[PDB]
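For this view, one protein chain was removed and the others were kept in their places.
Labels run A, B and C following the written order; every chain starts at residue 1.
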Amino acid sequence: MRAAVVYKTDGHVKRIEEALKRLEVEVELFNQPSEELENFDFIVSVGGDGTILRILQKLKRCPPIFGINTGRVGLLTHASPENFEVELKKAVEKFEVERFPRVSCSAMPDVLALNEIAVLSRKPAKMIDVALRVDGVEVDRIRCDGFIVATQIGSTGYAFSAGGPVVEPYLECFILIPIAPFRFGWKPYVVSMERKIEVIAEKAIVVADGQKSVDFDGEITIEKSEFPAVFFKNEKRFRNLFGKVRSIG
Amino acid sequence: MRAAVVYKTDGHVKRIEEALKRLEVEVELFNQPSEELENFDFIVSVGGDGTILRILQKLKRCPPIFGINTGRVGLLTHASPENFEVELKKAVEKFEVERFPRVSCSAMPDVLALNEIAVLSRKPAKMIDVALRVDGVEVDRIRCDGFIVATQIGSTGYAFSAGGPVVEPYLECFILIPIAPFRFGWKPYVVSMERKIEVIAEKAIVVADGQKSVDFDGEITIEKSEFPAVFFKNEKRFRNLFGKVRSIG
Amino acid sequence: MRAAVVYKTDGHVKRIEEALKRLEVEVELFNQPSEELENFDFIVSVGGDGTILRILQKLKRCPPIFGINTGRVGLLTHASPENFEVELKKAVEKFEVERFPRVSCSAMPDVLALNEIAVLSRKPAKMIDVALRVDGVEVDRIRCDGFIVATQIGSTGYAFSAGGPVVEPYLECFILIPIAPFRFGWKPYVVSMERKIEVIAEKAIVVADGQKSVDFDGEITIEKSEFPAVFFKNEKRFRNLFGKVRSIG
Partner (left out) sequence: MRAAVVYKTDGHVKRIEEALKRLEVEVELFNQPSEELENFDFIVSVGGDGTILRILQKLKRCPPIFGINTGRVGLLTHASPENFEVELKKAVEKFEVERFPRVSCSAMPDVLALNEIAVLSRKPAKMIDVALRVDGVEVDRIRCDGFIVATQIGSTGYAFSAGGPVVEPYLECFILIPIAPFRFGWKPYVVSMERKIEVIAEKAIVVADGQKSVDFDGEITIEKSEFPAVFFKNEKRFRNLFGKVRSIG
């Protein structure tokens, strides 16, 4: 059963090589992520949340991702170097998985987002004029540095920083929130991920998970896609949510 | 096919009788809400959001509610006096109904909120030491004027005022947000409604939908209930959500 | 020269009684604060920030206060118990002070607040309709759980939890912020302390420093009194502000 190990640097990759060898698993090494990753049964990412997002950008069909975290913190990950040898043995032996939806922009045709599709100002410190509508209905219009269309997974990223609610990973929703809105009152809008979001702005940019961005004027459509992100049932995912969150930055 | 027509003041009630009579519907006027309301094919509420919440307490089994708003803004209502006669007709001829869940606190067994359960301090200008726990797990421990456990429907009520997000009516979930938290960082949590909430504080009261209130010491659980609120299908519920929210005062 | 040492618990009192001994200063023990504290060259409180606020309710003319934070955290205190020996000697030999304004009320005539005056609902879970003017101009009319007229000192207290800004101690100003405002957009106003505040509300109370409360209806005015809180000089008051504020819980 084949497995890929992706890594930022040489950190701990030797012990993971020998961790998978003990468990009867073919292993191949990957400095950078490629579209070849979907020829393997699973993937063991080594670096952090950031590393996982760069992997998913080279994946439509997503083989299960285990996630060793090098740094200090990580919400998408499964283990650390201190204790990964144990948690990997469990991960592969059960082979239980979970799947979180990935949305897609209309102007960035095949690149999918797990966290969000942000819509920012092309020039920094300049303000764009954003009009939002979902399922046809005019939801809002507002001047802001940007606008975020995040899934619940990404409710803990940019969205969090704009004032967003912490939404547990299992409840499946969009969070719609502006960045530095220039208006007296405003409120985050949480809606079902079955709807069709639309943003309309001139002189703007669109960014999937802080990774692929394109320029666009006019309008874009963001909806749920057919290809989710597959991880490895992290039984404690929920209980760990309120604590990883308590200690961001 | 008979009907109950509940009212606070003598609003447009001469007219609502006369529209109900013309649609060949028997009418029983109700000076105030009653348990007796269970025995009607539907209830026309005539007043505002508050009129409907009161109605709901005195129901377990809930006939369809056509709420009419004589005030400025009502998120639960289908029409105003200008349009009520056309909508009431559409509503009763098709008879399509929809239902949003009601929640249940330990302290008051046979009572049900549609908006929220709020745990506040018995005495005012005073903080309680609230501890929250969703599904066995510890999620928070904060000091505050109170804590709010609210459905998406009540996202636009009390919790809205405490800094909470506006969640659309068709996304079943809980919204757990404190009133006046004494702490550097805090966040509103939005979790699934299929979960077991538990609130722990001393010298406090619990309040279901701003109606029934009861002193409590120690522990309560809040959970989803088996007898929900029933209104007639509102084709434009989602559409108006965003306009009405901006006129809240 | 003479001093009154005010305490709640009789823990660290024999250590402090002997520190003041070897400083040519006469001592008098005070199990609870009193109007008699005015007859001393200074005061040494022994407890939290509350031990201080409780002291100032019995002072009009205020001799300098040296605060010893017992357990706890506090931004009105001058020293912990395991360094106070030194800090007292430095504070009484230098004998250097600084003063912060206290405000007054209409409804409670002889009473003075260092932190804030909070207007709240009389019955909890009920919101009142507050209507605020400063120097005669209407500023606002909001439905809320309460309203806080704070000073820069008490901007780290009740107004901090209502969503206020951290204002430094040396900038004299009012902070005007509501508690659970049922309104789409709202904002705290920071204004000059030389202005005459005026809150209007029915079915309410007023509370100076969470210490004294009286029912009221109609209007009250808050003004800057001529009798300031007086403390020894804390040079590190400003540099400690930011690290204490982070640890608020």
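One rule holds for everything that comes next: a residue touches a chain if its C-beta (ideal position, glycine included) is under 8 Å from a C-beta of that chain, and two chains touch if they have at least 3 such contacts.
Chemist: Among A:40, A:84 or A:158, which one is in touch with the chain left out?
Modeler: Counting the whole complex, the residue in contact with the absent chain is A:158.
Chemist: For the full complex, which residue in A:50, A:81 or A:210 touches the chain that was left out?
Modeler: Missing-chain contact among the listed residues: A:210.
Chemist: Please pick, from A:8, A:54, A:183 or A:237, the residue that touches the omitted chain in the full complex.
Modeler: A:183
Chemist: Of the residues in chain C, which ones touch the absent chain?
Modeler: Output for chain C: 135, 137-140, 160, 164-168, 170-171, 173, 175, 185, 187-192, 238-239, 242, 245-246.
Chemist: Given the full complex, what residues of chain B touch the hidden partner chain?
Modeler: 183-187
Chemist: Which parts of chain A face the unshown chain closely enough to count as touching?
Modeler: 118, 120-126, 143-146, 157-158, 160-163, 179-184, 205, 207, 210, 213, 245-249
The working rule: only the chains that are shown with their structure count from here on.
Chemist: Just the number, please: Cα centre separation of chain A and chain B in whole Å.
Modeler: 35
Chemist: Taking the mean of the CA coordinates per chain, how far is chain B from chain C in Å?
Modeler: 39
Chemist: Any chance you could list the residues of chain B touching two or more other chains?
Modeler: Expected reply: 160, 245-246.
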